[PDB]
Structure formats: structure tokens, C-alpha cells
Amino acid sequence: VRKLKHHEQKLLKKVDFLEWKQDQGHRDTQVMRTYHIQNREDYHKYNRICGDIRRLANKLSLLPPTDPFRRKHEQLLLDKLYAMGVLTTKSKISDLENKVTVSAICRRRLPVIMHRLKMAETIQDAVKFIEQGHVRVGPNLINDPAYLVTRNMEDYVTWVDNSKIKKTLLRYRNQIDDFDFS
Amino acid sequence: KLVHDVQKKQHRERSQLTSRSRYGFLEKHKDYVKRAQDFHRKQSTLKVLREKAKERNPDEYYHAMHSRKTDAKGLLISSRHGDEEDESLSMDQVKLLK
Amino acid sequence: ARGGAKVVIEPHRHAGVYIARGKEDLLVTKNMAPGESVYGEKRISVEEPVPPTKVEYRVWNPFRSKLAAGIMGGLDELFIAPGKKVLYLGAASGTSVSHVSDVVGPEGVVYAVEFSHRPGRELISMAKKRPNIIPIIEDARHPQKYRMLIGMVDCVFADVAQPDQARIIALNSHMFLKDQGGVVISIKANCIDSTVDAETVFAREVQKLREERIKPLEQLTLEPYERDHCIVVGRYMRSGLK
Amino acid sequence: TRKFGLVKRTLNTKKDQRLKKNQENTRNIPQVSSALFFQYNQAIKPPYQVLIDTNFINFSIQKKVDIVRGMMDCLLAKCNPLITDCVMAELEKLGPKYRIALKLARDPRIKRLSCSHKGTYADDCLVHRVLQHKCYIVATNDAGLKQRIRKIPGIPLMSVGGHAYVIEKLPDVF
Amino acid sequence: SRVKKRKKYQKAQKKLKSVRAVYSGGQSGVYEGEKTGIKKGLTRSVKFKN
Amino acid sequence: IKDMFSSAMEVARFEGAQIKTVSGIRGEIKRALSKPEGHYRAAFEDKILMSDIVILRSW
Amino acid sequence: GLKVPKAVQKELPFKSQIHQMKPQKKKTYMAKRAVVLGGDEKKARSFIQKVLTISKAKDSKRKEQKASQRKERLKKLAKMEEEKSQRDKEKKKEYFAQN
Amino acid sequence: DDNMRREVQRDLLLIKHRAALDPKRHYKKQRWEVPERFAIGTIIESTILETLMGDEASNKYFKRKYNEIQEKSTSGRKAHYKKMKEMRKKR
Ligand SMILES: [Zn+2]
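Residue numbers (the deposited numbering), protein chains in the order written: chain A, 2 to 183; chain B, 3 to 100; chain C, 80 to 128, 134 to 326; chain D, 7 to 31, 41 to 189; chain E, 561 to 610; chain F, 948 to 1006; chain G, 1066 to 1164; chain H, 110 to 154, 171 to 216.
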């Protein structure tokens, strides 16, 4: 507000308009920038799931360790959370509470994957190509930027065929073929 | 420590057989170790460079694929003059430069 | 180091001071009154654009001036500046005070103070080509005598070799010196005390300055140029000396 | 003609200036003294000017020596011992069961010299009066202060042991 | 031994010109400034810490 | 490697021998080359030069 | 220098394609145009190329002189690190021999 | 300005590398980036590039000390490569 003086300071030791304990460090904004996600409520739509992983992790930690339910049941779950690809490794059972973060689930987003597979140059520019309609998964093109992509389905993202951005790529290698009308 | 000055004397190195002087300069050990380092300083930057050939991912699109062009053999060409401004003189510039 | 060679001038880290980066380097300040060197030092000329005007630069001999080595030994903050008033003490001639006039420029003034008449007579004749120098020929031990002539100076300079050097600055720092404006003492070890050592006088004259509410910032020794001196850049706190 | 990849404008934390934590956003090489030789310190000649700790006074009482008369036995020349203003502020702060040291500290042959500090802590008042001049001769018996001065070149440290005092870095012992 | 004392001190007086800038002579020549050069950013001055 | 062994039978008395060079690389001598009477193939650990002189230690 | 095979150089990703400028053969108009000041300027252009040769090599020998004495100093430095390593073990026996 | 550059550019390039001009001087170690504002001038009581090559003692020094580095930089490279391929081929 004012860079209040030293005697103003001690009466206002606690007031701050920009940063609140309720606001929690602005972690939600801070990862919305790093992954460039469109609408604001998208974070806490993941962070309700990413919290719900840990609540199932916790009560499955409260069962006794030599229980053939419990031993079966999180390894049943780490099969799925690795196939979807939110977590890097399948070995640790305590990745399921420690490595399950929103920024883990927010980088199996489609524009991050187009930046991981070096399709677009940056991560904003990949959102620019999805929204304009140049990218596709198998048959159908995808148009929501915020498409989660399975690690299995991560094989199949390509540029949409006959596009003006898959035509320019093939001109760089001097390998167009207009019988494909690339 | 406890060693004479004669025990640390010298051991000189001998030269090429003078009958075999055509194939000049016999290489000792310390002249081989300059040769096998900087072959392994070539493969280790070539096996890496061949490893990027296996993983090209041919859907990659960087936005500087308009200024670069490629020769018909397949490897790219870059201009001698380098700059964006030394391309080719216009007819009005030649009409002044002549 | 001849009259033929051409030298690059470059602004020093301190304002108003200029370095002459040649084959060897020189310390240089712009001559306010061109065409005349006041004690025969070799002066540099340039030209700046009407045909280009002549701007003459005068070399700043280290061995002549006790201030001069401290620049060339390296001081962090020299409180003399191209706009500020500056009080000078013990300017026998224009050996150094003509230099201090040129570095404060045509805006700020310099108050030359020295007691003796025959060096003071020379200080008059130089002061009528440099408008900044107004010379005062009263004794520096009695500042109430020239109280009418000087008002609110921004940094004093002390080149007195009298052994009561701390009291002769306190009576000039309390009554003339603008608060929070620095004090550049130049201590000579032989002229204060010849019995005790060179370094004791330096530890004695600093502690005498701290009694007079001058927190001294840094201390230089200027040894390769002059034997056994110090210049001690102070700051006149007067209020919050801690 | 609206732009692509639009996103709700929101508050940068790593970059904005209005935040408190983000509000924040010439070398110096001190010359080794013109007195000093490699370690010899060729300037110090008698009489000496010796700084004194709290601890040097306290062990002076237990070992039954005068300050001034007892220092001249160790030192063999004349000396002017001088307690700073920080050190006298410690001797008062030690309190009631050290008051016999506080009487012996204020003696008109024991000089006092002021300092310009914001503090009582004289263990670091003292080294700072030593680096900037190197004419003094520190009298301590603090363990950490000895290690703080034995790294400084050319400063005769002085401690009390057994009967009389001892000096360390004087080359002119006798 | 009186030579090795001489050739030590004469060797350990060259080092003294390299650690600090020791006084030498005066100025007997004509020239004013410095041969080795000026630096702007050195500030070889003991600053009085608080 | 030439002119170390005289006959192709002389090589066969010596195959499997840990040959070394001046440069310090090791190797073995493996088969007697036939069509000239003296020479033999030898596998070193790295590419021998032409300028290099193989020596087989013996007692 | 290393010479990459062209079959390796062809299928490289776009980030790392090595820029190898072909030599020019047909004489450019500019290289038939430009004037070279000869005579007195040649004596003052040979000389600058003769000074900058000296000051590059005087640097790269003295810069090599530091990393020769860097190698010697850290050998002397690690020897002082080893004595402060072993003797620090010996105190923590003679301390805990009391305890 | 960008006029009168050449007699200035040769001069400043002869000051950024002034350690090499005489093997007895050995200035302090500094970098001397070209400053933003400067004014080349002479000493009142022939630019330094023209001044220096008019000397004979320095000009005989650089011709020796340039051939003596270029006797070293040539030494391994390709004249030495062709001679070793020459003696194998010649006999
Ligand atoms: Zn204090």
C-alpha cells in the first residue's frame, strides 16, 4: 500500500492484502503459470482428485501390513496411476502419498505432452496449436487443450493430416508428398 | 625421503631404428595416450550424436523452419553472409552501388 | 609521456575526475581556465563540437597533493563532487586547491584558507582566473574570525600540519560544515608527534575525531606516493553517531 | 479476431513488486598495513597501548598481580593500558559478585577510550580496533578471542598464566 | 651464512613490493602519473567497520 | 607383423603369446600367415600404427 | 576435427543440426567491388594483426600458468586437509577416553 | 560518432591490448571494456598507432615475436602432416 513507516509497522505486523494463509502461498496460481492452464477452477478440480488419492492412501495405510487385501489393493491402484502416468515409478508404495501432486497430474495434460514430445516450441504455443485445431489423437482431432492423455495413449498424438503446420514440417526436410496432400 | 640422488637418476628414451626412418617418429607410451584420449573424445560425441538420430520424433515443429532451408541431398544450408540483411542487393541498391 | 602522444580520456568512477588511458595512465581533471598550467604540469587538450571548442585537461600530480594519492590509491567515497561546496584548509598555493576547484566545477565553490601572507598572495592571483576559489587569509585555528565569509559548506578538507589538527577541524566542522557531509582529514605522522610512532598517531587522530561526532568511513595510507601519511574520509553525523 | 490461449489474468508472485518478500528487488581489497612486514610489525615501539578484556581483569585478581605494575614485569617496558567503552560496559554488566574487578578497572592510570558502536559486545569491539590500525597489543584470556587474533598478522596477544602475564606475538620479547 | 641471510632478505624484499605497495625513494624524475596503470574499481582502502 | 619369425612353422610354436609394443598396447599372435613364409596376424587391443615397433618378451 | 557421417547428419532433430557453410566459388559482386587501402594502411593493418597475436598468446600462456599452479596448490592443500582429517579423529578418541 | 572511426578504432584496440606493446612494462591485470564516452586528445607543453610503428626497436621486436609464435602454431598441423606422408611415399 504505502511502505508504511516503522511505527506504522508494529501496529500492522499481520495485515497484508496480497498474501493470505487462507490463500495458501498462491500455489494454485504458481502452477497454473508453469503449465498454462486455461480456466481457474481446473486446478482445484484436480486437487480434489489428488487429495482423494492420499485419503485412500491413508486409510489403506491404517490396515495391518500383512493383510492380503491391503497388499493386493494399492498395487492394484499403482497399476492404474502409472498407466495413466501421473507418477513416475511403480516400485515405491509411498509415491502414492508423496509424489502424487497436481503438477504431476497437470503434466499429463495435452499441451505439456506436445511440449515434451517437442511438437511445439513452448507450452503456450502448444495451446495455440490445439485451440486452432492442428493436433489429433488417432482418428479424431482433439480440441480441448486440457485433454488428459494416458501413457498408453501418449504414443498416438500426431499433427492432424493435411494441416498447414504438418505441411511446413515436411518442407523443412524437403520431403513433402502431395499425393498425401500433406 | 630416504633415497639417494643417484637412485632418482634418469632413464632416457631411445629413438626410431634408423633403418626404419621412413615411418617417422616412433610413438612412446605418452604419445599413444594423446591418441586414444582424443579418439574416445570423438566417439563419445558421435555415439551421442547418433543416439539423437534414433529418436528424431518426426512430428517436431520449431518455428524457425521458415528461415532455414535444406539442400536436396538432405543436409541443411546456411549462408556465407550469415546476417538477415546481407541476402541479395535490390535493383535500387545496385543502381547506386554501380 | 611526451608532448606528441595522443591519449584517451575516460571518466573516473568518481565524478569530475578523468583518467588519461594512454600507454601509461594519468590522473586528470578538466581545466576551468584554459591555456595556463598553474605549476607547470603537463596538460592535455581535446576538441568538442560552429567549429569545435577547445577543452583543456590538466594532469593531477600525485606527489604534489596529498589528496591526489588517495584517488590514485583508491577511496570508496570522495565527498568532493562537481556540484558541492568544499572548504579547504592549509592551501599554501594552488598546488592542490586549483585542482579541487576544477573538480567541483563552475557551480560549486571552494574556500581556500591559509594563514601566511606570501603564499596567500599567490593564492589571490590564481583565484582571479578561477571564480570558484574565494581565498581566506585568516588563521584556521580561529574560525569565528572568518564566520561572515563562508556559509554551510558540504565537505571540509584538511591539509594542516599543525599538531592540534583535531581541534582545528572540530571548530570548522561544527560551525561551517553542513551535517551529514564528509570530512577528508590528511594526517601526517611526523608533524603531529615525532616521539611516538607512525601508526599510533593514526590510531590517536581517529579517536580524536570520534570524540567530535565524526564517524570516519575509511582510511587510506598513500604509501607509494608519499612516505607515512593517511587520509581519513569522515562523515559528520552529529546525530546518531552510533 | 480474439487471441489464442487466453487465460484469466492473475497475480504473479515470483515477479510482482507489491509483495513484501519480493520488495527487495566496486570491489574492496584492504591493504596490508604500511607498518606491517611479513609478520614482524616493525612499528610497535615502547610505550605500548594495550586493550584489555573483561577476562584479563578477572584472572588478574585470582593471580594477585597489579595491572600496570604487573604488566611491566611481563612486558619489560612502559605501557599505557586502556579499557574501551564496550569493555567497561561489560564489567558493570557482570554484576554484584564481580564489583571488586569494577573498582580496579576504574583507576586513573588505566585509560579509557570511547567507541562508536551499537552494542555491549566487546569481544568484537576489540578486533575491529585492531584490524584498522595494528598499533595495539591485545590483553585477553578468552579462548575464542585468542583464536580470533592469532589469525591476524602482527598483533602481540597477551594472556595471564600462573604468576605473571605472558606475551605471544612480540618479536621483541627481551 | 651471512650470504644466505643477504640473499634471503634481498629476495624477501621483492615480495614486500608485491604484497603491498611499499614507499620507494620519492619522485625524482619529471613524469607525474603512473606507469602500471589506474584501476577504477579497486578501492584499496581500509573501511572502518562498525 | 613381418620379419619377426622366419618360417610359418616357427610362428606355430609361438601362437597365443602375449605380444606388446613400444606404445604400451598388448595383444596376442594368433595364426601364421601362409602365402608369405614369415608373417602372422595378431590382434592387439587398439589400432597399431605403421610407425610402431612390436617386441615380444622372452627368456 | 570430427567429421559426422552425412547419414547421421541428415536424420538429426532440428535443435541439433550442424551448420556447415559450403565454400563459395562463383565470385560475388561485393568481392569484386570492395576497395583495399594499400601502401600505408597495409603497414598499419599487418601491425594490428601482429599485436593481437602477441596479446592473445601472452594471455593464453599466463592463463595456463595459473592452472599449472592451481594443480600444484591443491596437492599442497589436500595434504593440509588430510592432516586436519586424521588428527581430528585422534581428538575424538582422547575426548571420549574421558567419557 | 560513427565518423573518424578508423584512426580511433586502431587506437583503442591498441590500448585494450597494451600489455603486449613492450615486453618490459607488464601493466596491472584489468579488462578495459570500451567506455561509452571518451575524448582522444594530445598533450600540450601522430596517433599512437602511427607513433609506435615509426620506432625500430619495437617494430623489430614484433616481427621476431610473431614469427616465433607462428613457428609454434604451424608445428604440428598440416605441413607436418604432409611431410610424414611424403617420406613414406618417396622411397
Ligand atoms: Zn566498542
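Honestly, the hints are just simulated from the structure, not real lab data.
Any given hint could be a false lead.
Stated by the list, open to error - No more than 27 angstroms apart at the CA atoms, straight line, and that leaves these computed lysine-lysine pairs for BS3-like:
{"no.": "1", "chain 1": "D", "residue 1": "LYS93", "chain 2": "D", "residue 2": "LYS112"}
{"no.": "2", "chain 1": "D", "residue 1": "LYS112", "chain 2": "D", "residue 2": "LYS161"}
{"no.": "3", "chain 1": "H", "residue 1": "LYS133", "chain 2": "C", "residue 2": "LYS121"}
{"no.": "4", "chain 1": "B", "residue 1": "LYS54", "chain 2": "G", "residue 2": "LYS1075"}
{"no.": "5", "chain 1": "H", "residue 1": "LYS210", "chain 2": "H", "residue 2": "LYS190"}
{"no.": "6", "chain 1": "E", "residue 1": "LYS609", "chain 2": "D", "residue 2": "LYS161"}
{"no.": "7", "chain 1": "G", "residue 1": "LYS1149", "chain 2": "D", "residue 2": "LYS166"}
{"no.": "8", "chain 1": "F", "residue 1": "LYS994", "chain 2": "H", "residue 2": "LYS125"}
{"no.": "9", "chain 1": "A", "residue 1": "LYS15", "chain 2": "D", "residue 2": "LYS20"}
{"no.": "10", "chain 1": "D", "residue 1": "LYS93", "chain 2": "D", "residue 2": "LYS118"}
{"no.": "11", "chain 1": "D", "residue 1": "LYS108", "chain 2": "D", "residue 2": "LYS93"}
{"no.": "12", "chain 1": "B", "residue 1": "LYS49", "chain 2": "G", "residue 2": "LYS1131"}
{"no.": "13", "chain 1": "B", "residue 1": "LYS100", "chain 2": "G", "residue 2": "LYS1068"}
{"no.": "14", "chain 1": "G", "residue 1": "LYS1144", "chain 2": "G", "residue 2": "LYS1158"}
{"no.": "15", "chain 1": "G", "residue 1": "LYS1126", "chain 2": "H", "residue 2": "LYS210"}
{"no.": "16", "chain 1": "C", "residue 1": "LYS262", "chain 2": "E", "residue 2": "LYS564"}
{"no.": "17", "chain 1": "H", "residue 1": "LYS210", "chain 2": "G", "residue 2": "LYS1123"}
{"no.": "18", "chain 1": "A", "residue 1": "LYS4", "chain 2": "A", "residue 2": "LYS22"}
{"no.": "19", "chain 1": "H", "residue 1": "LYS203", "chain 2": "E", "residue 2": "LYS595"}
{"no.": "20", "chain 1": "D", "residue 1": "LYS78", "chain 2": "D", "residue 2": "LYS9"}
{"no.": "21", "chain 1": "G", "residue 1": "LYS1154", "chain 2": "H", "residue 2": "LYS133"}
{"no.": "22", "chain 1": "D", "residue 1": "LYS93", "chain 2": "D", "residue 2": "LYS20"}
{"no.": "23", "chain 1": "G", "residue 1": "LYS1131", "chain 2": "H", "residue 2": "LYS210"}
Quick rundown of the hints versus the structure:
1. D:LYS93 / D:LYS112: violated (32 angstroms)
2. D:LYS112 / D:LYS161: holds (26 angstroms)
3. H:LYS133 / C:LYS121: Distance ~25 angstroms between H:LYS133 and C:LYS121 Cα, so the pair holds.
4. B:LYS54 / G:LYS1075: holds (11 angstroms)
5. H:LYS210 / H:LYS190: violated (30 angstroms)
6. E:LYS609 / D:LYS161: Given that 27 angstroms is the threshold and the Cα spacing comes to 20 angstroms, the pair holds.
7. G:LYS1149 / D:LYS166: Measuring from Cα to Cα gives roughly 17 angstroms; hence the hint holds.
8. F:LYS994 / H:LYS125: Not satisfied, since the Cα-Cα distance of roughly 48 angstroms exceeds 27 angstroms.
9. A:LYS15 / D:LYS20: Judged against 27 angstroms, a Cα distance of about 21 angstroms means the pair holds.
10. D:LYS93 / D:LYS118: holds (23 angstroms)
11. D:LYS108 / D:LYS93: violated (30 angstroms)
12. B:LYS49 / G:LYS1131: Distance ~34 angstroms between B:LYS49 and G:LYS1131 Cα, so the pair is violated.
13. B:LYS100 / G:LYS1068: With a Cα-Cα distance of about 42 angstroms, the restraint between B:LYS100 and G:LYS1068 is violated, given a limit of 27 angstroms.
14. G:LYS1144 / G:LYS1158: Between G:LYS1144 and G:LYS1158 the Cα gap is close to 22 angstroms, so the pair holds against 27 angstroms.
15. G:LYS1126 / H:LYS210: Cα-Cα ~32 angstroms, so violated.
16. C:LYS262 / E:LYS564: violated (59 angstroms)
17. H:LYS210 / G:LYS1123: Between H:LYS210 and G:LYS1123 the Cα gap is close to 33 angstroms, so the pair fails against 27 angstroms, i.e. violated.
18. A:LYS4 / A:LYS22: With a Cα-Cα distance of about 21 angstroms, the restraint between A:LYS4 and A:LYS22 holds, given a limit of 27 angstroms.
19. H:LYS203 / E:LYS595: Violated, because 43 angstroms separates the two Cα atoms, which is more than 27 angstroms.
20. D:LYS78 / D:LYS9: violated (87 angstroms)
21. G:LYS1154 / H:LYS133: Distance ~52 angstroms between G:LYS1154 and H:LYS133 Cα, so the pair is violated.
22. D:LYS93 / D:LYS20: Since the Cα atoms of D:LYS93 and D:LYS20 sit roughly 64 angstroms apart, the hinted pair is violated (cutoff 27 angstroms).
23. G:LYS1131 / H:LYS210: violated (38 angstroms)
This entry does not satisfy hints 1, 5, 8, 11, 12, 13, 15, 16, 17, 19, 20, 21, 22 and 23, going by the numbered hints stated previously.
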